[PDB]
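Student: If you want the building blocks of each chain, they are given just below.
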Amino acid sequence: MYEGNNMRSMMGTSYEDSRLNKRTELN
Amino acid sequence: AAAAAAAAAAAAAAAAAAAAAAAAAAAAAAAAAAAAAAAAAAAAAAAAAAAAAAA
Amino acid sequence: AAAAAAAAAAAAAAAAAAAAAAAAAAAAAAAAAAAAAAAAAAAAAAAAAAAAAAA
Amino acid sequence: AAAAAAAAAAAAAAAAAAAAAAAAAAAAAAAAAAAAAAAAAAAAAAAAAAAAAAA
Amino acid sequence: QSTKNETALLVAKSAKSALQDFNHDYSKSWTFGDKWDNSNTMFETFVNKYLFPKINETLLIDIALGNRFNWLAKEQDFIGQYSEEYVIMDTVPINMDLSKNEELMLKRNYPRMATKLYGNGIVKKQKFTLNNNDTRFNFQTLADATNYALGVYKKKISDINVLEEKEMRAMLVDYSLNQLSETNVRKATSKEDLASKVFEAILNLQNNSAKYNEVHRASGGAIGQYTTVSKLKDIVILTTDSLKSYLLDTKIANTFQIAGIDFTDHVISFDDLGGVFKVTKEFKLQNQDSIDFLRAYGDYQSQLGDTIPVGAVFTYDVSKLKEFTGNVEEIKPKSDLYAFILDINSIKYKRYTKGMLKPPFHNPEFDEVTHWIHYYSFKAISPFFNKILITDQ
Amino acid sequence: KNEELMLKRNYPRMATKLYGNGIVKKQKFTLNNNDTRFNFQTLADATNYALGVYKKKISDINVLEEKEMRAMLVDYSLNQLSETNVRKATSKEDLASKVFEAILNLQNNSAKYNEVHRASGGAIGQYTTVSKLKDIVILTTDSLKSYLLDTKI
Amino acid sequence: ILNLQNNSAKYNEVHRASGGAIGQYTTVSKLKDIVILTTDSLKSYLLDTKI
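Protein sequences, first through last, are from chains d3, ID, OD, SD, BD, CD and DD. Oh and the first sequence: position 4 is 4 in the authors' numbering, straight run, nothing missing. Oh and the second sequence: position 21 is 21 in the authors' numbering, straight run, nothing missing. Oh and the third sequence: position 49 is 49 in the authors' numbering, straight run, nothing missing. Oh and the fourth sequence: position 49 is 49 in the authors' numbering, straight run, nothing missing. Start counting at 1 in the fifth sequence, then tack on 3, and there's your number in the authors' numbering. Start counting at 1 in the sixth sequence, then tack on 102, and there's your number in the authors' numbering. Start counting at 1 in the seventh sequence, then tack on 204, and there's your number in the authors' numbering.
Here chain d3 stands alone, though its shape is the one from the complex:
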């Protein structure tokens, strides 16, 4: 809830989950 400087470097964006782009091939 509390942000401060929330969107910091790579891990603070890695929990703010990233890029469902590649999924598995059949469906």
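Please keep in mind that the hints were generated in silico from the structure rather than gathered at the bench. Built from N, CA and C at the ideal position, the CB exists for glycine as well. Fair warning: there could be bad hints in the mix.
Just a few of them, taken from the derived set where beta-carbon distance is under 7 Å, the chain SD residues facing chain OD [as the list claims (entries may be wrong)]:
hint, residue
1, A1
2, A20
3, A50
4, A53
Got chain d3; can you put chains ID, OD, SD, BD, CD and DD on it based on the hints?
Tutor: Only chains ID, OD, SD, BD, CD and DD this time, still in chain d3's reference frame:
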């Protein structure tokens, strides 16, 4: 760094007055440490006991 | 609710100073209730009497 | 014409606090004249000596 | 005692836990679940005695932990390593004995100098590591994980503050003991005695004294004198907090004319003046539990066999380890009766925090993000100013 | 040291404590419409009765809540916070000094004064904290409150 | 202080002068002219106890 005085207060039910002070009793002129002492009464009782032990 | 001090005053002719206070004698360091008590002198006299009664 | 209190200070190395006052020891509740007196401890010691001399 | 409850046996079977599915290179890949009971546990509801319990919130309690010093923090620019300063010593003048021959005015007299060469500071480093696999098995929402990652960063920039605070007070208590040779100590006798003796010592700052300073361990100031006063806008006294409590409830309370005589603005204090430790005898690391105890405080880089130089510190209770007794000594006052007074601009604190954060390192082959923190601190005591210790020695 | 040290993992440590549920509390009351009329001389005072019983049925839960909450504070004071957190006074003026030095203790950077070693991860490691003095509140009797307001102050 | 502002011959030391070895000499002072010299310790004792 102070004192007090009563000229009353026979030291049976006194609760919150002072500590390390002097509480002048109606007879004994007691002194209030963490427990109350009976200095002048202790002097009179020591004199009476020294008189009684003079047999 | 106060005190006093003398370092004098051998308690023979003192008239109107205080009551329930401490009057430091030239030898004895007395205490002034409605009648004057002799606390440290009483301790010294009780020690001397307990030494004398040790026969 | 004042007083003091310690609830500490076992009276071995105290140098410049007061004279003709009361210095509450950790055990004895001493009194500071030109030399320090031991009033309540003197009462306890006189009681113990009067008990010992009761043979 | 033990328990024959079957769900307690289910909890005790740690072989099916997720921990076994990461320590090993292979595992099960399907789960059949288990019949979870709530009965005869600490987990009963009245109606539905077969559901796994629920957590509604976490809150991430965090405190910010200031410094109490950083108006001392001036900033050099990370170039060079040796800095120093120096004074000229005094020369008492001499009488005119005219019987001496006149050609001594050709002979010379260079002025004398005492320097103090300091040297480099030290750079402090710490790591932390955000996982993407184990740590998100907790944190029922992602918002708690984001607050977690933010709060670990905020407390790992607060701990550096509490660290340099306690090692500053470590350094000047160590300077108070192992330096400051013979004159400027003053033996008090009670918790009210040094209360008088401190402003005995205050107004000794402000007479022209060749004493009270520490010139006699400079470069050229071994033999000779050097006089310096203070200004009272500059003096800093420090002590236990119990002493200033005794001040602020006794002397400025029970007296009657405190319009001018209250020195309490220059009183900084602490709870206790030692949690810090100094190396002697230059040991090494031998035992497993020792460095395991070091892992509890962030010290990862030390292993078994790594030496420890004699000039290091340890900043927390570490002397209770079996490998340090006799080797490690606590910087502390002797008797909980302490008043060390000096002037400001006698201590020198100077750090470099410009390139402080480093870029994060992403490790894909275990999926973590690792951050470093670096800063170059320097601190010392300039020995050319008036100082007085008061303890019970 | 060796240059491959940077790919070593330094996880942060946390220290937890879990809390159970609360208590739902209930009280009921029943008013009558037929024989209640036999005990009033107006309808207005009967309505005053009906409102008075309701506002006392909230006033009682107020007083219940506050005195059970001070009860659990005293329960905590007797049964928790092991010996390092409790200091011992002697006299009634002794704690006047003790509380004055203790409030000045709590607002320094210290790992002491908490009981996080009773929490889960807090057995080893360290946790330092402070207090703001706008956040500290003290809890005594009213007799000791009187002993403050007449003797020292 | 205020022993000094009485007419007295006890407080000078004119007996150490050349022509004034025996005999007395009275003088006083004006409080714009008395200073005391001490060490700092009992100066601080004045600055907490007596004031």
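Student: Look at each hint and say if it fits the structure.
Tutor: For each hint, the structure was consulted:
1. Satisfaction of the interface hint for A1 (chain SD) is found here, the shortest Cβ-Cβ separation to chain OD being roughly 5 Å, below the 7 Å cut-off.
2. Interface hint status for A20 (chain SD): upheld, as the beta-carbon distance to the closest one in chain OD is roughly 4 Å, under 7 Å.
3. Because the closest C-beta pair between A50 (chain SD) and chain OD is about 5 Å apart, less than 7 Å, the hint holds.
4. A distance limit of 7 Å between C-beta atoms decides the matter here; for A53 (chain SD) the minimum to chain OD is near 5 Å, and the interface restraint holds.
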